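Asks: Next come the chains, spelled out residue by residue.
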Amino acid sequence: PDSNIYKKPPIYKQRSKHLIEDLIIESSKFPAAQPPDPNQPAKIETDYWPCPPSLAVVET
Amino acid sequence: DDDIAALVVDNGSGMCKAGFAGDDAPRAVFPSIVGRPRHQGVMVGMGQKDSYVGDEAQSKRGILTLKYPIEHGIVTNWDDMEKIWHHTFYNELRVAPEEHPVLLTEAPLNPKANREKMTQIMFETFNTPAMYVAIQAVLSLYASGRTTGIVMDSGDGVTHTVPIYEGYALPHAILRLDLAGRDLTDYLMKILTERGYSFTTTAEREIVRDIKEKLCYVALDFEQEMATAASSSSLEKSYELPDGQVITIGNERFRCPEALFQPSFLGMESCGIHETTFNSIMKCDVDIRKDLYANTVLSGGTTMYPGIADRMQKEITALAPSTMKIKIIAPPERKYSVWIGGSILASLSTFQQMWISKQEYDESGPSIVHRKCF
Amino acid sequence: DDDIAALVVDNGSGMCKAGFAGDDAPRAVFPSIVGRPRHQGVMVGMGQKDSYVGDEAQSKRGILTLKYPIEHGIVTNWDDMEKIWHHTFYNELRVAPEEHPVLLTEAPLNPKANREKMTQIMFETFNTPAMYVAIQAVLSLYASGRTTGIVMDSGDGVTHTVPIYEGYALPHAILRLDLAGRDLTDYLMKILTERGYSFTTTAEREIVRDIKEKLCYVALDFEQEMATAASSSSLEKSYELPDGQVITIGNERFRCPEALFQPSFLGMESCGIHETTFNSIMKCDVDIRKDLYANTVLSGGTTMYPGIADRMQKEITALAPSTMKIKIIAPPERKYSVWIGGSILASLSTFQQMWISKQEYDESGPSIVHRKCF
Amino acid sequence: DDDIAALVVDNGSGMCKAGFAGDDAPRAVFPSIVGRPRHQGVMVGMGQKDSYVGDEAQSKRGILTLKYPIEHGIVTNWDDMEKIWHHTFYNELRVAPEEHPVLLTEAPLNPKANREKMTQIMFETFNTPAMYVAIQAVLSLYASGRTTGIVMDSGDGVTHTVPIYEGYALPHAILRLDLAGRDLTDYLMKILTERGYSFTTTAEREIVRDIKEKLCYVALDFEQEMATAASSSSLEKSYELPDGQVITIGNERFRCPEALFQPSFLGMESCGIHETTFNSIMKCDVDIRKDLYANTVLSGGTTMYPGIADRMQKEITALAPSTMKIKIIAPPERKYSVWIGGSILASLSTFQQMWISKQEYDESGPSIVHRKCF
Amino acid sequence: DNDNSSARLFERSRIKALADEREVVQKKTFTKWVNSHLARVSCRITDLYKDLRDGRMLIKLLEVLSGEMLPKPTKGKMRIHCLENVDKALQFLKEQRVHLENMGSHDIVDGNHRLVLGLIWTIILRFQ
Ligand SMILES: Nc1ncnc2c1ncn2[C@@H]1O[C@H](COP(=O)(O)OP(=O)(O)O)[C@@H](O)[C@H]1O
Ligand SMILES: Nc1ncnc2c1ncn2[C@@H]1O[C@H](COP(=O)(O)OP(=O)(O)O)[C@@H](O)[C@H]1O
Ligand SMILES: Nc1ncnc2c1ncn2[C@@H]1O[C@H](COP(=O)(O)OP(=O)(O)O)[C@@H](O)[C@H]1O
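Chains as they are written, first to last, in PDB author numbering: chain 7, 136 to 150, 159 to 203; chain G, 2 to 375; chain I, 2 to 375; chain H, 2 to 375; chain S, 31 to 158.
These are computed hints drawn from the structure, not numbers from a lab.
Hints should not be assumed to be uniformly reliable.
[Said to hold, decoys possible] As a list, the in silico EDC-like pairs of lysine to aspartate or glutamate whose alpha-carbon atoms are at most 20 angstroms apart:
{"#": "1", "chain 1": "7", "residue 1": "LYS172", "chain 2": "G", "residue 2": "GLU334"}
{"#": "2", "chain 1": "I", "residue 1": "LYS68", "chain 2": "S", "residue 2": "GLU131"}
{"#": "3", "chain 1": "I", "residue 1": "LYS326", "chain 2": "I", "residue 2": "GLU364"}
{"#": "4", "chain 1": "H", "residue 1": "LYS113", "chain 2": "I", "residue 2": "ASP56"}
{"#": "5", "chain 1": "S", "residue 1": "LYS102", "chain 2": "G", "residue 2": "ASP2"}
{"#": "6", "chain 1": "S", "residue 1": "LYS46", "chain 2": "I", "residue 2": "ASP56"}
{"#": "7", "chain 1": "I", "residue 1": "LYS215", "chain 2": "I", "residue 2": "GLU226"}
{"#": "8", "chain 1": "G", "residue 1": "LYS61", "chain 2": "G", "residue 2": "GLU93"}
{"#": "9", "chain 1": "I", "residue 1": "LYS215", "chain 2": "S", "residue 2": "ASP33"}
{"#": "10", "chain 1": "I", "residue 1": "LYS373", "chain 2": "I", "residue 2": "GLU125"}
{"#": "11", "chain 1": "I", "residue 1": "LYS238", "chain 2": "S", "residue 2": "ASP31"}
{"#": "12", "chain 1": "I", "residue 1": "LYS50", "chain 2": "S", "residue 2": "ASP140"}
{"#": "13", "chain 1": "7", "residue 1": "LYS172", "chain 2": "G", "residue 2": "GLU93"}
{"#": "14", "chain 1": "7", "residue 1": "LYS172", "chain 2": "G", "residue 2": "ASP179"}
{"#": "15", "chain 1": "I", "residue 1": "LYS84", "chain 2": "7", "residue 2": "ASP137"}
{"#": "16", "chain 1": "I", "residue 1": "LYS215", "chain 2": "I", "residue 2": "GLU205"}
[To be verified] Derived list of chain G stretches under chain 7, where covered just means 3 residues or more per stretch with a C-beta under 8 angstroms from a C-beta of chain 7:
{"#": "17", "region": "37-50"}
{"#": "18", "region": "58-65"}
From the three backbone atoms N, C-alpha and C, an ideal C-beta is built for every residue, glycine too.
Bound-form chain 7, shown alone:
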C-alpha cells in the first residue's frame, strides 16, 4: 500500500568477446546508431510530433 513505482529498478533489468565488436554491438542500441546529441531536445519535445498535445498547451 505504501511504495513508489518509479524508484524501483525496471523488471527487465534483472538477469571474452572482442572489444571493437562489443563497441559496434552497443553502438547499435541507439535509435540513430550513434550516441545522442547532448544539447538537443528529444523527439517528444519537438513540435513536429504528429500527435496533438494537451489542451492547456493549445490555449498557451
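Assemble chains G, I, H and S with the ligands onto chain 7, guided by the hints.
Replies: Chains G, I, H and S with the ligands in isolation, oriented as in the chain 7 frame:
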C-alpha cells in the same frame, strides 16, 4: 537501463511495421508475405534461395506463390512467422533481439493459444529479456491523445470496436467483425469479371490490391451515385497494368468499399460497420454515451477510402438521437496510429514494471501472458 | 473565542451540509455517496484512485458502483463516513479540525452505539477540542424562531415528529416513521416499469431521483386528479435522458408522492404523515394542543413537493375539530432550516457552557454523550 | 361438464406450448421463431413461401435469417406473434379458436400495453368468446400442489421470484431480473472464441443452444472445479457439428451457467439468483419467512442444468440463519410446469366466473383486463 | 413554483457567494505561500489552477519543501505524460504518510478548483 530502448513491432495481417520506442515513425515497413518458387530452374550457379520474404517477394511476383502467414488476425503458419520476425530483426533493423524488450500487438478477441505461442517463440528462439502483448484498439486511443472514446480499427485482417471511458474499458461492449480489406480485394476481383478482366493468381491479387488502393472511394449516396454512373461516363478512370494493358475501372470504384456498409453483397448477414459502432455504443452505460458519441476514432489502413468519414458521420447521425452531437475523428496519419501510440506506451515510466520478465516466464511457463497482459 | 467559530455539519442520509457558525447559509453542500470502479482498467499511466466520494463521485457515475454509508439514519459503514468527514473538513472547507469545535445533528430515536461511535470518531481521529450532538427537528424550531410548535422533519432517511411547548419537549409524543424520499425513489422506479422504462443499476437511481425532483407534485384530491389524468393528456410532461432519449412520465407525477399519505401502496401497515402528526398532537396534554395546532412546522427536503402544504392543511383540518384554526408554516428555505438552526444554536453565548470538553471525554469514555446533549 | 374445454397456451420467449384443459401434457411444443429467406431465388417451378414459422424454420436454418418476436418477455413484433398464434391454432391444434376460451401467461412486471394488445388481438382478430391472462409463477405454484411457497421461474427471456402465502401474494416482494438463457447463450458464444471456434450467424445460435443444453452443468464449488479442470484432462466432452467437425468444450461447461450466480461475468452489477431469492424472502413479513424457507419451488427451462438444486441450497443456506432448514423442491417436470398449472386453473368450477366475456370487452374495451386479471 | 423559485434564489445567491469569496481569498493566500518557497529556485506561478496542471511545478515545490531528490518528470507534452507527472508527486506524498482523500492525477490535470485547493492546504498542514 535508460540506454536500452524497446522495439515496437506493429504486427498485422497485411503489413509489418517496426521501430524503436520514443520515435514518431517506424523504421521498417514491409508487407508480411512469404513466397516460394513455382517454376523449373535451368540456370545452374545462380543461387540457392528458396524462400522470399518482404519486398524481395513483392518484386519477383512472377515466379513465386505468395502466401500470408496471418489470416483474420490468427497466425496459421508459425514457421513463416519466424521467418518474418528474423527478417525484421536482422535485415531491416540490424539489432540484437537479446538486448531489447519487444512490444507486440494483436486483435482483441483471439484464440488463447496464439498469445502463448507468441510468448514462447519470443522468449525461446530470440532470447529477449522481456516482452509484452497489447491490443491494437487501445494503442490508437493512446495515439489520439484522449483518455475517453470509442476506437474502430479495421485493418487487412480484422475489424474491431472497443469503447473506453476515463481510461476504463468495458469488455462486454467490445465487438469483432471479420470483414476486412482482403474481403474487399476478393469482392473487387469477383466484380471485375463483368467487364472482361480476369485476375486469378496471387500476383494478380496484388495487382487488384494496388488498383483498390489507387482507384476507389466511398459514395455519400449509393443510389444517386449509381444513377450518375449509369447516366454518363464522368465517373470513369484508367489504370495501366504491368503488361502495359489499359483497363477502365468505371462503375466499380464505389461498389467495392460499399460492401463494408452492406455486407449482404458478400453473403454475410452481419451488420455494417456503422451499425456495429452504434451497437457497441448502445451496449455501454447511459451516462457515458454522450462522450463516446463525441470521440469516435477511426484507425487502420482500410479506413482511408476518400469520403468514409462523411458517410460514417451521416449514418451514425441518422441512427443516433437528433439532439446529440456526433463527431468523427480521422487523423491523416491514422494508418500508423496503432504503432505510434504503442511507442508512447513504451516511453512511460510506469510501464517499466509491466514487462513480462524472462525469470517470470521461466517460473510460470507460457501461460503468464493471460494474467500479465490485457 | 470571538474570531473562532465552531463548525456546523448537518449529516442526513441523502446529502451532507457544512459551514461556519454565524453564517446564514452553509458553505459546502454535497451528496453523501461513496463510489468504486467495477470495469477493466487498461490505460497505463492514468493513475490509481481507489474510491470516489462526494460531488465528483456523481460526475463519473457511469463507471462506478455507488454506496450510501447512511441507511435510514443509521451509519452502516463507518469507513465511508470517515471518508466523507475527511473530504468535508479538508477539501471542502480547508480548515484544521483542531481549530474549531464541531456541531452534529442526528435523528431522534436512534441506537445508542451510533452516538457512542460518533463521539469516539470525532475525538480519537480528527482530534477536536469540543463537540455537541443535537436533534434536527429541535434545530428546525430554532430556525423558525418560535418557542412552541410541532416539527415534522422528512429527509432522505427517516421522517419524525416532535412537539415542543415553551421550550419543553415531550419524549413520549415523539413519533418516528421509516418513510422518506428514498422509498419514494424506489416506488417511482417500480411504477415507471409499466410505461416501458427500465432502470436497474445504481447509476440510474440518480436519474430517477432527478426525475422525481423535477416532475412531481402532490394532488389536492387523488381521485379527481386520477379521473382528470385518465380523461385528458394535459398532465403529461417530457424528460430528456442523458443519452438524448425522451420519456413521458404522464400519470405517475402525482402517484409517487401520494405514498406519503397512503403507505399501503408500498405494503406498509403504518399510517400517513398527516395521521402521524395528528396522533403526535393528541398524545400530548389537553391544554397545549391548541398551540400545537397553530404552529405546525415543515422541514426537510422531502417536503419540497408543490402542493404539500395545502394537502397537509386539508387533512389535518379534516382530522381536527372544526372550531380550531389550522395553519401550516413552511418557509421557502425549509431544506436548509436545520443547518440554520444549528448556527443559531452554535453562536449563543450561553451554549459555550454546554460544549463537551476533550478532558471530560478522556475521563468518561464515549459514554459522556448520553449524560449531556439530549 | 357440457362446456367446451378451454385452450391453455404457454407463450414464453423460447418455446410455445399449447394444449387442452384438463390434460396432463401439452399437445404442441415448438420454438417461437419466425424465419425468412435471404438468398437469391432460382429454380422456377417450385412453390415459394413467405416466411417459415416454428419447427419448420428449424429444419431449414441454412437458407433463412432467424428472428424472435419476444425479447425479454416483451412482444417486439406483433405480426410474427399473429403468425405464431395462427400456426398454433390451425396447424398444430387444428381447432376453431371461436369455440374455445383461451388462457394466456405473461411475466409479472411488464408494460400494460402488452396485456392490452394481447386482449385486443384475441378478441378482434381470432374472435375468441372469452380469455384470461395469468402470471407464470402463480401457475407454477398451482402445479406444485402446495398453497404456500416462493416461486423462482426463469425462462428464456426473464427471471422472476414471487412469494405467495396461503393464496395471498405480496406485490412489494416480487422481484424481476433480466438474466435468462439467451444471455447465457451469448456468453457461451463469447467464451467459445478462446478455443478457436467461431459462431456468428443466427443459424449457429441454435447450435450453441444445443451445446449448452447437452454439455453444461453447475459446479458445487467454482474454484475447486477450475483447479480440477486445469489440473488434468478429466473433464472434456466432444460435440459433433452438423458439418462433421468435432469440437472439444472442456473448461467452459461449468463457466456458462456460473453467470447465473455471478452476473458480474456479463458486466452487470445485479445480484445472483440466490441473492435475489433471499432478498425476496427478506422483504416479506417476519412470521411467514419460516414457511417460505421450506417451500422453495424451482420452475422454468433455465433451471434444468444438473447440480442447480444442490448449489442453490448451499448458497441459500449460507445466507439464511442456521436454526432453520432450507428445502429446494425441483420437480422433474419444471420445464412444462407452468402449463400444467394453467390446465388445473382451467379445470376448476369457480374459475368459470372469472372469464372475460366478449360482451364485457365490447362494454369496456381493451382496458378491462387490468380490472379483471390479477 | 414560487417557493421553489425562492429556494433556487437562496441557494443561487448565498451558497455560491460565500463559497466563491472564501475560495478567492484562499487562492490568493496559497499563491503567496507557494511563491515564497518557490522563489529560492527561479520559478514563479501566476495562476494556481493553470500552472499546476503540467505537474512539473508540483514536483519543484515538493523538492524544495522535502529536501531530497524526487524522480525527474516524464519527458513529454501530452495528456498521458501530464497524468504521469502529477502521479509522481502524488506517490511521493504517499511516501511521507500524508493522508490525501479523493485525490487523483486526472482531478489535478482537469483543474478542479476545490481538490487543487485541498491538495495545497494538505501540503501546507504537513510541511509547516
Ligand atoms: N491509401 C489507401 N487507400 C485505400 N485502401 C488502402 C490504402 N492503403 C492500404 N489500404 C488497404 O488497407 C490494407 C492494409 O491494412 P493495414 O493497415 O496494413 O492492416 P494491418 O496493419 O492491421 O495489417 C490493404 O489490404 C489495402 O487494401
Ligand atoms: N426540490 C425537491 N422536490 C422534491 N423532493 C426533493 C427535492 N429536493 C430533494 N428532494 C427529496 O429529498 C431528498 C433529500 O433530502 P435531504 O434534505 O438531503 O435529507 P437529509 O438532508 O435529512 O438527508 C431527496 O432524496 C429527494 O427525494
Ligand atoms: N435440458 C436442458 N438443459 C439446460 N438448459 C436447457 C434445457 N432445456 C432448456 N434449456 C434452456 O431453457 C430455455 C428454454 O426455456 P423455456 O422454459 O422454453 O422458457 P419459456 O418457455 O419461458 O420461453 C432454452 O433457451 C435453453 O437454453
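Asks: Taking the hints in turn, state whether each one holds.
Replies: Hint by hint, here is what the structure shows:
For the hint linking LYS172 (chain 7) to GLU334 (chain G), the alpha-carbon distance of about 27 angstroms lies beyond 20 angstroms, and the restraint is violated. Taking the CA atoms of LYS68 (chain I) and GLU131 (chain S), the gap is about 17 angstroms. The hint holds against a cut of 20 angstroms. A C-alpha spacing of about 52 angstroms is found between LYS326 (chain I) and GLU364 (chain I), which places the hinted pair above 20 angstroms, so the restraint is violated. Between the alpha carbons of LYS113 (chain H) and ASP56 (chain I) the distance comes to roughly 37 angstroms, so the proposed pair goes past 20 angstroms and is violated.
The straight-line distance between the Cα atoms of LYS102 (chain S) and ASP2 (chain G) is roughly 15 angstroms, inside the 20 angstroms bound, and the hint therefore holds. A threshold of 20 angstroms between alpha carbons decides the hint, and for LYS46 (chain S) with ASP56 (chain I) the separation of about 15 angstroms falls inside it, so the pair holds. With a C-alpha separation of about 19 angstroms, the suggested pairing of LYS215 (chain I) with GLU226 (chain I) holds against the 20 angstroms cut-off. For the given pair, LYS61 (chain G) sits about 19 angstroms from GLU93 (chain G) by alpha-carbon distance, which is consistent with the 20 angstroms threshold.
For the suggested pair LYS215 (chain I) and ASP33 (chain S), the alpha carbons sit about 14 angstroms apart, so the restraint of at most 20 angstroms is met. Distance check on the hinted pair: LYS373 (chain I) and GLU125 (chain I) sit about 19 angstroms apart at the alpha-carbon level, within 20 angstroms; holds. For the given pair, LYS238 (chain I) sits about 16 angstroms from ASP31 (chain S) by alpha-carbon distance, which is consistent with the 20 angstroms threshold. At most 20 angstroms may separate the alpha-carbon atoms for a hinted pair to count; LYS50 (chain I) and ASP140 (chain S) meet this at roughly 15 angstroms.
Between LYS172 (chain 7) and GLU93 (chain G) the CA atoms are separated by roughly 14 angstroms; this keeps the pair inside 20 angstroms, and the hint holds. At most 20 angstroms may separate the alpha-carbon atoms for a hinted pair to count; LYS172 (chain 7) and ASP179 (chain G) exceed this at roughly 39 angstroms. Annotation: proposed proximity of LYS84 (chain I) to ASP137 (chain 7) holds, straight-line Cα distance about 19 angstroms (limit 20 angstroms). Proposed proximity of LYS215 (chain I) and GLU205 (chain I) is supported: the alpha carbons are some 15 angstroms apart, at most 20 angstroms.
For the region 37-50 of chain G, the assignment as covered by chain 7 is violated, since 0 residues bring a beta-carbon within under 8 angstroms of that chain's beta-carbons and 3 are needed. Against chain 7, the region 58-65 of chain G contributes 0 residues with a C-beta closer than 8 angstroms to a partner C-beta. That does not satisfy the three-residue criterion, and the hint is violated.
Against the hints set out earlier in the document, violations occur for numbers 1, 3, 4, 14, 17, 18.
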